[PDB]
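The data below hold one chain only, encoded as structure tokens and taken in the form deposited without its partner chain.
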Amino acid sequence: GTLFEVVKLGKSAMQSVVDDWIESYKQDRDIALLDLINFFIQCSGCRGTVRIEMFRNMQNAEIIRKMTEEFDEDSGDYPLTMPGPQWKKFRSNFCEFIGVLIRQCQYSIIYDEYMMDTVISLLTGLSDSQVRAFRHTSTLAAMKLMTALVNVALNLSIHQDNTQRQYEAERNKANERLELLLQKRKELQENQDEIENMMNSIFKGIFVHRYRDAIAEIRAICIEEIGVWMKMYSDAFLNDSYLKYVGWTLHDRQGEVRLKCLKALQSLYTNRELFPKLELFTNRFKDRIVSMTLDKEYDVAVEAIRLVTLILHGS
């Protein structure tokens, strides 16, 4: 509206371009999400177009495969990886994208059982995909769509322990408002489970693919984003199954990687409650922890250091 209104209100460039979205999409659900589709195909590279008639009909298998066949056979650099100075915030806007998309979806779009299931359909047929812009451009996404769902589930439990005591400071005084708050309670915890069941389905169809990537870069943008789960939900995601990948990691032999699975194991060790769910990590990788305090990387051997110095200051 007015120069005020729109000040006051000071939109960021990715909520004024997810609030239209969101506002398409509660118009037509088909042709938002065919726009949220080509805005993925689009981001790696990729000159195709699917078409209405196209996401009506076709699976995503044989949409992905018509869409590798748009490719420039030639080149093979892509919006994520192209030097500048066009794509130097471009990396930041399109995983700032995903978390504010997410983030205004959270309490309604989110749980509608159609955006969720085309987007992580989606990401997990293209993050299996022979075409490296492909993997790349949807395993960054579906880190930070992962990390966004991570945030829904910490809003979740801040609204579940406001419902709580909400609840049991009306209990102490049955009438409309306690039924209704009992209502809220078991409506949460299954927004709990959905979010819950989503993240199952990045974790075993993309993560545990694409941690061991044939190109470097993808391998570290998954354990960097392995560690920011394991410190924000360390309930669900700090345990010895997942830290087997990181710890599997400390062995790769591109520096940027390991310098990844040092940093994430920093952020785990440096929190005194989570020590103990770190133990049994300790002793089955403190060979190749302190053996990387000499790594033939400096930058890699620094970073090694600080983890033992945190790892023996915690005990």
Given for the second form:
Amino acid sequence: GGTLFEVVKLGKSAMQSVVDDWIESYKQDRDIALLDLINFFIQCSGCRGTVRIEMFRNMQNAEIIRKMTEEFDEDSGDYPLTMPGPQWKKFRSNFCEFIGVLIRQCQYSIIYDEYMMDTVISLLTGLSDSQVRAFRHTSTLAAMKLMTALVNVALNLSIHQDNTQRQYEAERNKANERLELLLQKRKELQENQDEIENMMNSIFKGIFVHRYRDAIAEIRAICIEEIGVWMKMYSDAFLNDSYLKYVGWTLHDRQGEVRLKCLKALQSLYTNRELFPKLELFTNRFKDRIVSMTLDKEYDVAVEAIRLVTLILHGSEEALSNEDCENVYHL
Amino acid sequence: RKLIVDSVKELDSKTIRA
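Structure of the form deposited with its partner chain bound (previous: the form deposited without its partner chain):
Starting with the chain above, the whole complex follows.
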């Protein structure tokens, strides 16, 4: 038998096989599986200690992490997410795929049992508050991929909410048994949405708003890259000023890798002219910074800024030609 | 001790003036 961390690092079986094998143990004994998942995030950070079942039942995440820094048993500053080579690069990919597939497989029952998600989010939040860069880096990446997976759960719920509403109207156009059943299912799917958004809110207010301004460049880059993913995949909920402000504030970052994450996050939004009204205030506010980054001392940052400024110019009122609108509306 | 430990975890407001 191999630990949950050692299976993902090896990457022999598909991540879904590891996820399904864990879910089966969760249905056999919730505490044993959660202890394995807790140790998975601990050991993915390079820590070689092991959370005992007695600690998981009697300690808070605060004391548990303090004990695991004692038992880290390292020989250098390295931890898996900073290890060179394509081997640990596939680990990072497998580590992220495991988090996404886990929530994808749990999204229809287990995610709502008020035990797994509360345990996982509390652990990642505590690890994101630790001064140990290995714990803070690993959990921040895990929380960002966890949020994206939860966004996908919210998109499925909305699709399901609309179809349940369509089914309710189809039945109503004929109360009886099926009409009561469809109403309760609508009420159920609405309560699911409030739980998923409560989890996403816990991750954002508890981890993101602190780690986006982390002292380490790649931790800021991890947060900026994922908030751009959320705004692209769920623009109706995430593409607004209260979320864009974090990307705009980070445009002035001292590290080019972080400024590049900001520009690439904005670029995928500005390629869709249907999102320009949602970006108008942001464009007006950060216009001067974005054009100034076109001559950034980092080549990749400047190229992306020129690419971004080109989209902004092409979607403005100045790019609207008279002869073309006369051409479309002739005769 | 070789474990990387960051005393200050976040960028302070006195340096977000960029």
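So that the term is clear: the rigid core is the largest set of C-alpha atoms that superpose within 1.5 Å between two forms. Residue numbers count along the first chain shown, from 1.
Per-residue Cα shift between these two forms after core alignment stays below 2 Å for all of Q183, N197, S92, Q86 except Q86. For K296, a C-alpha deviation below 2 angstroms is recorded between these two forms after rigid-core alignment. Annotation for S16: C-alpha shift under 2 angstroms between these two forms, rigid core superposed.
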